[PDB]
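Colleague: Construct the entire structure; sequences and hints are all you get.
Letter by letter, the chains look like this.
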Amino acid sequence: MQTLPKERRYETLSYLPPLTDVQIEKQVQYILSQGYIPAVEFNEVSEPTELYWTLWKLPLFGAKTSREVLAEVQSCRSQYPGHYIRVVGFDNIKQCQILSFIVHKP
Amino acid sequence: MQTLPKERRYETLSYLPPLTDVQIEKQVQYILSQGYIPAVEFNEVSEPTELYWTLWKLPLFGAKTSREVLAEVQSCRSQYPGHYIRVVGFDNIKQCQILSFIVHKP
Amino acid sequence: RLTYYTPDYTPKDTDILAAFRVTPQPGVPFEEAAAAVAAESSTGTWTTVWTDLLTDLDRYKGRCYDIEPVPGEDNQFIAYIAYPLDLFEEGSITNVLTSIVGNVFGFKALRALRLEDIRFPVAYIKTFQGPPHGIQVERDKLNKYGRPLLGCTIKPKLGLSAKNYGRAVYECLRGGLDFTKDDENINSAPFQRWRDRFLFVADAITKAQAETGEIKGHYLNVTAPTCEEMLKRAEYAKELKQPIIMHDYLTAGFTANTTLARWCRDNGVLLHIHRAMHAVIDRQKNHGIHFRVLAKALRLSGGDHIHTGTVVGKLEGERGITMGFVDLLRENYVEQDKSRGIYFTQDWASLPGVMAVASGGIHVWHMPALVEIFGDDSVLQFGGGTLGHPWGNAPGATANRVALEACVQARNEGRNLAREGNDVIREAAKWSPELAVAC
Amino acid sequence: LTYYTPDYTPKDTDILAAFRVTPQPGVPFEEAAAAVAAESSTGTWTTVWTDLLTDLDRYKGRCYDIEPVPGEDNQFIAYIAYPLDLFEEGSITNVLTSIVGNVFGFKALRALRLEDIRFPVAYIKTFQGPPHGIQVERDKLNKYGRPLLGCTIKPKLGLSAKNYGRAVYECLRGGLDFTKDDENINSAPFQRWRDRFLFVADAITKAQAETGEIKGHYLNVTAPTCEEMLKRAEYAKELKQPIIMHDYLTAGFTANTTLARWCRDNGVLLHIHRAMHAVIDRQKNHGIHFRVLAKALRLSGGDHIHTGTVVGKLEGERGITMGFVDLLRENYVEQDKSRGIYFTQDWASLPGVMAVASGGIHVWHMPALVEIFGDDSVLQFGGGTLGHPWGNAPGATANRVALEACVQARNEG
Amino acid sequence: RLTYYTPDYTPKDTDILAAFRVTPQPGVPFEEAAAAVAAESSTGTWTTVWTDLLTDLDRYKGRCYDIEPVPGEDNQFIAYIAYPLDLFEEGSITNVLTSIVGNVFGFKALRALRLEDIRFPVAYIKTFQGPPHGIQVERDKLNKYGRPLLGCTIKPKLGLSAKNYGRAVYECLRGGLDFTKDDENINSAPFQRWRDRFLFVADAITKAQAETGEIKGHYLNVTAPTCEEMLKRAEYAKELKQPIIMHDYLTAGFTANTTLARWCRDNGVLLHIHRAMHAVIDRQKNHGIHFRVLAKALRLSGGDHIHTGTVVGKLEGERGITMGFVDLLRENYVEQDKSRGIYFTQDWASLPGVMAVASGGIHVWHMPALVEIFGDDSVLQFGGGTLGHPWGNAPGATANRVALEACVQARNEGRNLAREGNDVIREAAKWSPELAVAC
Amino acid sequence: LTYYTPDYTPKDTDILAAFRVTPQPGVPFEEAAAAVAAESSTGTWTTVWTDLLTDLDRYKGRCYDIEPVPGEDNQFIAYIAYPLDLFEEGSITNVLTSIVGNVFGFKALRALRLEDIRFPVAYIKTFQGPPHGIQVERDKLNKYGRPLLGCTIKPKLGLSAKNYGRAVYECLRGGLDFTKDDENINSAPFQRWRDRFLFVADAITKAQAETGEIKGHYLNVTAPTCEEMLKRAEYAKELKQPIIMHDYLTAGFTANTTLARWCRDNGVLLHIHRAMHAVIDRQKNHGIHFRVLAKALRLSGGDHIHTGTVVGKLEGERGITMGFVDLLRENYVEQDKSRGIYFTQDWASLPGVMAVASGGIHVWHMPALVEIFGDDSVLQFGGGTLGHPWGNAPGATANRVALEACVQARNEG
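Here the protein sequences line up with chains S, R, F, E, D and C, keeping their order. Residue numbering for the first sequence follows the deposited numbering, beginning at 1 and increasing consecutively. Residue numbering for the second sequence follows the deposited numbering, beginning at 1 and increasing consecutively. Residue numbering for the third sequence follows the deposited numbering, beginning at 22 and increasing consecutively. Residue numbering for the fourth sequence follows the deposited numbering, beginning at 23 and increasing consecutively. Residue numbering for the fifth sequence follows the deposited numbering, beginning at 22 and increasing consecutively. Residue numbering for the sixth sequence follows the deposited numbering, beginning at 23 and increasing consecutively.
Please note: incorrect hints may appear among the correct ones.
Not the full set, but computed from the structure, chain C residues with beta-carbon under 8 Å of chain E [said to hold, decoys possible]:
| hint | residue |
| --- | --- |
| 1 | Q157 |
| 2 | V158 |
| 3 | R286 |
| 4 | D368 |
| 5 | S371 |
| 6 | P373 |
Because the hints were derived from the structure by calculation, they are not lab data. The beta carbon of each residue, even a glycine, is placed where N, CA and C say it ideally should be.
Modeller: What follows is the structure, given as C-alpha cells:
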C-alpha cells in the first residue's frame with residue numbers, strides 16, 4: 001500500500017529511472033534507424049505552458065552514428081549544467097515529431 | 001557551431017559589447033548634431049511591459065556639448081548604481097524619438 | 022428496371038462508391054438484388070410512368086458496377102455501387118447517410134444489407150472540415166509526442182457527486198494517465214450536473230497538471246439535448262481552458278457532431294468522440310453498417326480520438342478488420358486490402374488524421390499487444406476488463422504508464438513486443454514498485 | 023449476479039426497457055440478462071473493493087423478468103428497470119446512450135434487440151414533446167374529420183427549383199395537402215435549398231389562393247450543421263411555411279431537439295422522414311425496434327413519424343405496424359405483446375403525433391389505409407413518376423376523391 | 022469631343038490629379054489620346070446624342086491639362102488629368118480605382134497606359150483613416166526607436182506543421198530579429214491551419230519576448246476567403262495579445278484592407294501589409310499602375326509596413342524611383358521630383374507614415390546599403406536572396422542584428438556607410454563571433 | 023533544377039497554371055520555366071542544408087511542360103502543377119497569392135502572363151461558387167428562351183437620385199431587363215447610395231407593375247469597407263432588389279467572397295462589372311489573362327461576368343472572346359489553345375454564370391450578339407446618353423423588338 005510520491009516528473013519516457021548512457025545511445029539509434037535524422041533541444045524550466053525548448057544547434061542530418069549525437073548532449077553539456085536537455089525527432093516525412101525524452105537533469 | 005547564450009539583452013544598440021566612455025560621447029554627439037537637444041532616463045527593471053523609464057532631470061536644451069550630458073549619466077550615477085540608465089532622443093520636430101541605448105548597467 | 026447494373030462502368034475519380042454486403046431473399050438473383058440496392062438508394066423502381074423520357078437518366082443515379090460473392094459463403098455477395106458527386110450537398114454526411122443507407126436497407130426483396138466500406142473522393146473530402154485538429158496537431162498541442170496517449174474511464178460512472186467524481190478524475194490524472202474520460206452516462210443528471218462536473222473536473226486538472234508538469238486533460242462529455250445546449254455545454258468547457266471534450270456521434274447524430282467539429286476548430290478545443298450506439302449498427306456480420314464507414318464518416322464530419330476497441334480478445338482475422346479502419350483513421354492513403362477488410366483505395370487528400378482510442382482492459386500485461394499493433398498514434402483507455410488496482414487509482418495510474426513508457430522504450434531499443442513483450446513489464450516491475458502488484 | 027432481481031417490482035419512476043437477447047448456447051439466460059443490465063448502466067468488472075464505495079444499489083439498471091420468446095430457442099426478453107436518477111431531463115441522447123450505448127457490443131451476446139421501452143410520466147414531463155399534437159395541428163391546417171394527404175413529388179432527382187416548384191404546385195391545386203420532399207434535396211448542385219424553398223413558397227401561396235385550403239410542403243432542413251439547419255428552418259418561417267421535413271436518425275436526436283424546440287417556438291409542425299431506420303430495425307434478432315424510435319421521437323419532438331404500409335404485411339405483422347401507431351398517437355397504451363407493446367405506458371397527455379405511411383401505387387387501395395389508419399394519418403402517395411390519368415393533377419384529384427368517398431363510407435357504417 | 026483637353030486649366034487644390042504614362046496607337050496623336058484617357062475615365066465619348074445640353078458639363082468630368090513627352094522616348098507621353106473631388110465617395114480607394122484605372126486602360130486606340138502618380142488633395146486625404154498607427158506610434162508601441170526594424174521570412178514556407186513552424190518563428194525571434202513573417206502561402210492549408218498557426222506562433226513570441234526583454238512580434242497573415250473570415254482571423258490574433266498582423270492588399274483588395282485598417286486602429290493591432298500580386302501591375306514600364314500609386318493607395322486605405330523591395334541590385338536610376346514612393350511612404354510633404362519619379366507635390370496633411378519594409382537578401386554585407394538609404398524609419402526582411410546561415414536561424418538572427426546595430430551605431434559616430442560600410446561589419450565581426458561565419 | 027520535371031504527369035488533384043513567360047536572351051527556357059514554379063511556391067535560394075529539412079518534394083510547384091508560342095521568339099508557355107495541399111479551401115486570395123503573388127517580380131523574366139489556370143474538381147467543391155447559375159437565375163426573373171437585356175443608364179454623371187430614378191425607370195417600362203449603374207455612383211456628394219437605392223426601388227416596383235415582368239437594377243455596393251458593403255447589400259434586400267452590382271478587382275476577391283456568400287444567403291444574384299480589368303489583361307506579353315479572372319470569379323461567386331464585345335474583334339480573337347465565355351458558362355471545357363483554353367476543366371457542376379458584353383451603339387448589330395452569344399447572355403446596351411428615337415423609352419422598345427425578332431430568327435433556322 002505504498003503511496004505515490006510528490007514528484008514533478010516529465011513529459012515522455014520519464015517515469016523510468018534516469019537513463020544510463022548505454023540506453024541514451026539506443027534511444028537515438030532507433031531515432032536514426034527509421035531513416036530519420038535527429039536533433040537536440042534544451043531549456044531551464046519544464047512548464048506545461050512552455051511548449052518550446054531552445055534548440056542546441058541545427059538538427060543533425062547526414063550519414064552519422066549515435067555517438068555523433070551524444071557529442072552535443074553528453075560531451076558538451078558543460079555550458080548548461082543546470083538546465084533541462086532533451087532529444088527531439090521532427091518527423092518531417094509525415095510532418096510529425098517523435099520521442100521527446102529528457103536527458104541530463106540537474 | 002557555437003550556440004547562442006541565454007542573455008536577456010536590451011532594446012536597441014545592446015548586442016554590442018558594453019559601451020566605452022569614448023563611444024558614449026560620440027553617440028550623444030550625433031544626437032546633438034542633428035540640431036537636436038538630448039535627454040536622460042533611468043529605471044530598475046527593463047520589461048517589455050514597462051514602456052516608460054523614469055526621467056533623470058528635465059531634458060537638456062541650450063548650446064551645450066556632449067560632456068555636459070555625461071555629467072548626469074557618468075559623473076552622477078552614484079545615487080542609482082543598481083539601475084538601468086539610458087539616453088532618450090525625443091525628436092520633437094517630427095514628433096519622433098531617436099536612439100535609446102542603455103548605459104551603466106549593474 | 023435492370024438499368025442500374027452497368028457492370029462495364031469504370032468508376033470516376035469523383036464518384037462516391039459504396040460496398041454493400043448484400044444478402045438477398047433466396048428467390049432473388051444476384052443481379053436483380055444489386056440493381057435494386059443501387060436504384061432505391063437514389064432513384065427508385067416503383068413505376069416507370071412517363072418519366073423514363075424526362076429530366077436526367079445517365080446523370081444522378083446510383084449504378085451497380087460490380088458483383089462478387091463472399092468466399093466460403095452463399096446466398097450473399099458484395100455489390101459495388103457508384104454514386105455521382107452531384108447527388109449530395111458538399112460538406113455533410115447527413116446527405117451521405119440518406120442516399121447510401123437511407124431507404125436502402127428496407128427494400129422488401131433483400132434479407133440483409135450491410136454498408137461495408139465507402140469511397141469518398143478527393144472531390145468530396147476537400148469540402149469537409151475534417152477533424153478539428155490532427156493526429157499531429159494534438160501531439161504538438163499537448164507536448165506528448167513519442168508514445169501513445171492514455172486514459173482512465175472512471176468505473177463508478179453512476180452515483181458520484183461532482184467533487185468526488187473530480188477526485189476520481191484527479192488521482193487517475195495525478196499518476197500516469199493523461200485523458201480521463203466521462204463515461205456515456207456521466208452527463209447532466211440529478212446526482213451531478215454538468216455545470217458542476219466541469220467545475221470540479223477543471224480543478225482536478227489544474228492541480229494535477231501543475232504538480233506533474235504535463236498538459237493533462239479530461240474528456241468532457243458535452244452530449245446534450247439540443248445543439249444549443251451542447252455548444253453552451255462546449256463553450257463552458259472553453260471558459261475553463263480545457264484541451265479536450267467528448268461527443269457521442271451516433272446518439273447525437275451527424276449534424277451536432279459537425280457543429281461541434283466546426284466549434285472545436287474555431288475555439289481550439291480538441292474533440293474526443295466516443296462511439297455510443299455503435300453496436301446497434303456494427304455488430305451483425307450480415308446487416309447494419311460496418312464501423313469502417315462510421316470511422317470514415319467521422320473523419321469527414323470531424324473529430325479526433327475515436328474508440329476502436331479491444332484487440333485483446335480478437336483473433337488474427339478480426340485484428341486486421343480493426344486495423345482496416347484504424348489505417349483508415351490515421352493514415353493519408355490506403356490500398357484495396359480485403360484481408361484487412363478495406364474495399365476501396367481511399368485518398369484522404371492530407372485531411373488530418375484521427376487518433377485511435379482503444380479500451381485495453383486493465384491488464385498491464387496486455388500493453389505490448391496494444392503498442393506493436395497501435396503505435397504512438399493511438400490512445401489507450403483503461404476501463405472495462407478491470408479487476409481494479411489494489412493500491413488505488415493513482416498508483417494504478419503510474420502502473421499503467423511505467424507499463425507503457427517501458428514498453429515504448431523497449432520498442433526504441435530494437436526489441437520487439439510479441440516475442441518478449443511480457444519480458445519488459447516484469448523487467449520494469451523491478452525498478453517501479455507499483456507495477457508488480459497490478460499484474 | 024446482483025442485476026437479475028426477479029422479485030423486484032418496477033417503480034413508476036423507472037425507465038423500463040425490453041431487450042430481445044440472443045446469446046450462445048453456453049451462456050445461461052440469467053447471466054445473459056444480468057449482463058444486458060450491467061454494461062448499459064454499471065459494469066460488473068469491478069467486484070472486490072470499488073463495488074461498495076458508493077450507491078451502486080440504487081443507481082444500477084436491474085432486470086426483473088426473463089420471458090422466452092415462444093417457438094424460438096436461445097431468444098428471451100429481458101425486462102430491465104433503470105432508475106430515473108441516471109438520465110438527463112429532456113434528452114434521448116442520454117437514454118439511447120445508456121440503454122443501447124455500450125451494451126450491444128457485449129462479447130457473450132450474439133444478437134440483441136431493444137424491443138420496447140417505457141418512459142414514465144415522471145420522465146416524459148421533462149421533455150417538451152412534439153411541437154403540435156394532432157388535435158393541435160389539425161387546427162392550423164383547418165382540416166378536420168379526414169386523414170391528411172401527403173405526396174411524393176419525386177421526378178427522381180435533377181430538377182431546377184422552378185421545375186421542382188412546377189411539379190410541387192400542381193399536386194397542391196389537385197387537392198393534395200402536402201407534397202413531401204426528397205431526402206436528397208439538401209442543397210445539391212442542381213438545386214440549392216435557398217431556391218428550393220423559394221419557388222415552393224411561390225407555389226404554395228399560389229396554391230392556397232386557387233383551392234382555398236391551407237396547404238404546404240415538407241421542406242427538408244437536414245443540413246451539415248445545426249446552425250445551417252436553423253438557417254434552413256428560419257427561412258421557411260420567413261416564407262410562412264406550415265411544415266418542415268427533417269430526417270431524424272442521420273441528423274440525430276440532438277438535431278430533433280434543437281429543431282423541435284425551434285418548431286414549437288415558431289409554429290412549424292416538423293414533418294419527419296425515417297432516414298437510416300432500416301439499419302436499426304428490420305432485423306428480428308438484433309438492433310432497436312422501430313417502436314422505440316417512434317417513441318424516442320415523440321419525446322424529442324417532431325410530428326408525422328413515418329410508419330409502415332399495411333398492404334405488404336402479414337396479418338400477424340399488421341398488429342406490429344399498428345403497435346407503434348397506437349403508441350405515438352394515443353394518450354394511453356396497454357401491454358399487448360401480440361402487437362409488440364411490452365409496457366402499459368401513460369403518455370402524460372403528450373400532444374401525440376400523427377402516424378403517416380406511404381402508399382399511392384394504386385388508387386383502389388385507399389380504404390385499406392382509411393379503415394385501419396383513422397383520421398389522424400397522412401397518406402403519402404407514392405407518386406414519384408406521375409399519377410395514372412394525364413400526369414399529376416388529374417391523378418391528384420383522383421387521389422383525393424378516392425378518400426372523400428371512403429371517409430363518407432366511414433361515417434355510414 | 023476634344024473638350025477633355027483644356028491645357029490652360031490650373032489644377033484646383035481640391036482636385037484629384039493623375040499622371041498617365043500614355044502610349045497611344047501610332048495613328049493617334051498626343052492630344053486626342055490624352056483627351057480620351059480623361060474622357061472615358063469619368064464621362065465617355067461614345068455618343069453626343071442630346072446630352073451635351075444636359076445636366077453637368079464643366080462639373081464632373083476628368084480633364085487633361087498637360088502633355089509632356091518622355092525624354093529619350095517617342096510614341097508616348099505623360100498626360101496629367103484633373104478629376105474633381107465630387108466624383109468619388111469620401112474615404113475609399115475602390116472609387117479612386119474605378120474612375121482613374123477602371124475602364125481607362127481598355128480604350129481601343131491606346132497601346133499601353135500606366136498610372137504613374139496620383140495627387141490626393143488634403144481635401145480627400147483627411148476623410149481617410151490613414152494607417153492605423155504611424156511610423157512613430159509603433160516605435161512607441163514597441164519601444165524600439167533608434168534603428169530600423171528587422172525580419173525573418175521563414176524560407177520553408179510550405180510543408181511545416183504549426184509547432185515546427187513556431188520553432189522557425191521562435192529561433193529567428195530568439196536571436197536578433199524582431200518581426201518574423203508569415204509568407205504569402207503561409208495561410209490556412211491542410212498542413213497547418215491558421216487557428217493552430219496563431220496558437221503556436223503566440224507561444225513562440227511569449228517565450229522569446231520574455232527571455233530577451235523586448236516587444237517582439239510576428240506578422241500574422243490574416244488574408245482569408247471573406248471579410249468576415251478575415252476579421253475572425255484578425256480578432257483571434259487580438260485575443261493572443263499580438264502586436265502586428267499581415268494583410269495582402271491587392272489579392273484581397275481595397276475594401277478588405279480598409280476594414281482591417283478600420284479594425285487595426287479600433288483594436289490596437291499593428292497592420293503589416295505585404296504587396297502580393299503587385300508585379301502583375303507594377304512591372305511593365307509602359308503599362309499597368311506604378312507602385313507609387315499603390316503605395317499611396319495604401320497610406321490612405323490604411324496600413325503600416327509596406328514592402329518596398331530590394332535596393333540591392335538596382336542601379337542609381339531605379340534607386341530614386343524606389344525612393345520616390347518611400348518618401349511618399351514615410352514623410353508628410355514631397356515636391357515634384359521626376360528624377361525620383363514623383364510627378365506631384367503631395368501634401369499628406371500629417372496623416373501618419375508607413376514603414377518601408379525591405380527584403381534585403383540574406384547578405385550581411387548589404388546592411389549599410391539598406392541603412393544609409395532606408396534610415397531608422399524602415400523594416401528589413403531577410404528572406405529571399407538567401408544562401409542560409411551555417412550555424413542556424415538563431416545565430417543567423419543575431420548575425421543580422423549585430424550587423425545592424427553596429428551599422429546603426431557607426432551612423433551615430435559620424436562615420437558614413439558608402440565609403441566604409443563594409444569596414445564596420447568586419448570591425449564588429451571581431452567582438453561578436455557569429456558575424457564572421459555569416460559573411 | 024528540380025522544378026522542371028517534364029516527365030511528371032498532372033494529377034487530377036493539381037491546380038495547373040499556364041504562364042506565358044518572356045525572359046531575356048541569356049536565360050534559357052528551362053531555367054526560366056523552373057523559376058516561375060520556384061518563387062510562386064518554394065524559392066530556390068536555399069539549396070545546401072534547408073533543402074532537405076522537410077517535405078519539399080510534394081509541397082512544391084513543378085513544371086511539366088515547355089511549349090513555345092508559334093511565331094514569337096523568346097516566348098513560351100510553362101505549364102506548372104501546384105499540389106492541392108498548398109492552398110486554402112474556398113479562397114482565391116490564396117490562389118492569386120501563390121500563383122501570381124511573388125513570381126512576376128522575378129528579376130530574370132522581362133514579361134510574364136498567367137494565361138490559363140485549371141482548378142480541379144477536388145478544389146472547385148471547396149468553393150460555394152456563384153450565388154445562382156443561369157438555369158437557377160433564369161427562374162427568379164421568369165425569363166426563358168432569350169438573352170437578357172442590360173442597359174447603361176449613364177447621363178454621364180451628376181444626377182439627383184430622383185433624376186437618376188427618372189431615367190432608370192423609363193428604360194424598364196421600355197422593355198429592358200436591367201439598367202446598369204455607373205461605377206462612380208458609390209455615394210458621391212450629388213447622389214448618395216441610400217438615395218440611389220430608394221428611388222431606384224421606387225422605379226422598379228412601379229416598373230414591374232406597368233409591364234408585368236420581374237425587372238431590376240444592378241445596384242453598386244463597391245464600398246469603402248465590407249461592413250459598408252453589407253450595409254449597401256442589406257438595404258437592397260430590404261427593398262427587395264433582385265440583383266446587386268459589385269466591382270471585383272478594385273474591391274478584391276475577399277469582397278466577392280464576403281458578398282457572394284451574402285448573395286446566396288439572401289437571394290440576390292450579384293451582377294459584376296470588370297473594374298481594373300484592363301490593368302491586368304490586355305497586354306499580350308505580361309499580366310494575367312482575363313480568363314483566369316473570369317474563372318477566379320466563378321469560384322469567388324458573382325453572376326454576369328463582363329465579357330468583350332465581338333464587334334470590334336478580329337476573327338482570331340473572337341475565339342478568345344468566346345474562350346472565356348465557354349469557361350464560365352458551360353459545365354465542361356476542352357483544351358483548345360486556338361481559343362486560349364489551355365486545360366480540359368470539368369466544372370464539378372458549378373452553377374455557371376452568365377456571360378455579358380456591352381454594345382448598344384447600333385440597333386442593327388443585334389443578331390451578331392445573338393447568333394454568337396446564346397440565350398445565356400445579358401446585352402448591355404451602350405445607351406448612356408440616349409437611344410436614337412425620341413430618347414430612351416422609344417429606343418428601349420427598339421432595343422427589345424430588335425432582339426425578339428432575332429430570337430424568332432434563331433428558332434427558324
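Colleague: With reference to the structure, classify each hint as holding or not holding.
Modeller: To see whether the hints hold, each was checked on the structure:
Taking 8 Å as the C-beta contact cut-off toward chain E, the hint placing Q157 of chain C at the interface holds, the least distance being around 6 Å. Satisfaction of the interface hint for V158 of chain C is found here, the shortest Cβ-Cβ separation to chain E being roughly 6 Å, below the 8 Å cut-off. With a cut of 8 Å, the hint placing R286 of chain C at the interface with chain E holds, because the nearest CB-to-CB distance is about 6 Å. For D368 of chain C, the interface hint is violated, the least distance from its beta-carbon to any beta-carbon of chain E being 12 Å, above 8 Å.
With a least beta-carbon distance of about 4 Å to chain E, the hint placing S371 of chain C at the interface is held under the 8 Å criterion. A hinted interface residue such as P373 of chain C counts as satisfied when its beta carbon comes closer than 8 Å to some beta carbon of chain E; here the least separation is about 7 Å, so the hint holds.
In summary, the one numbered hint that this structure violates is 4.
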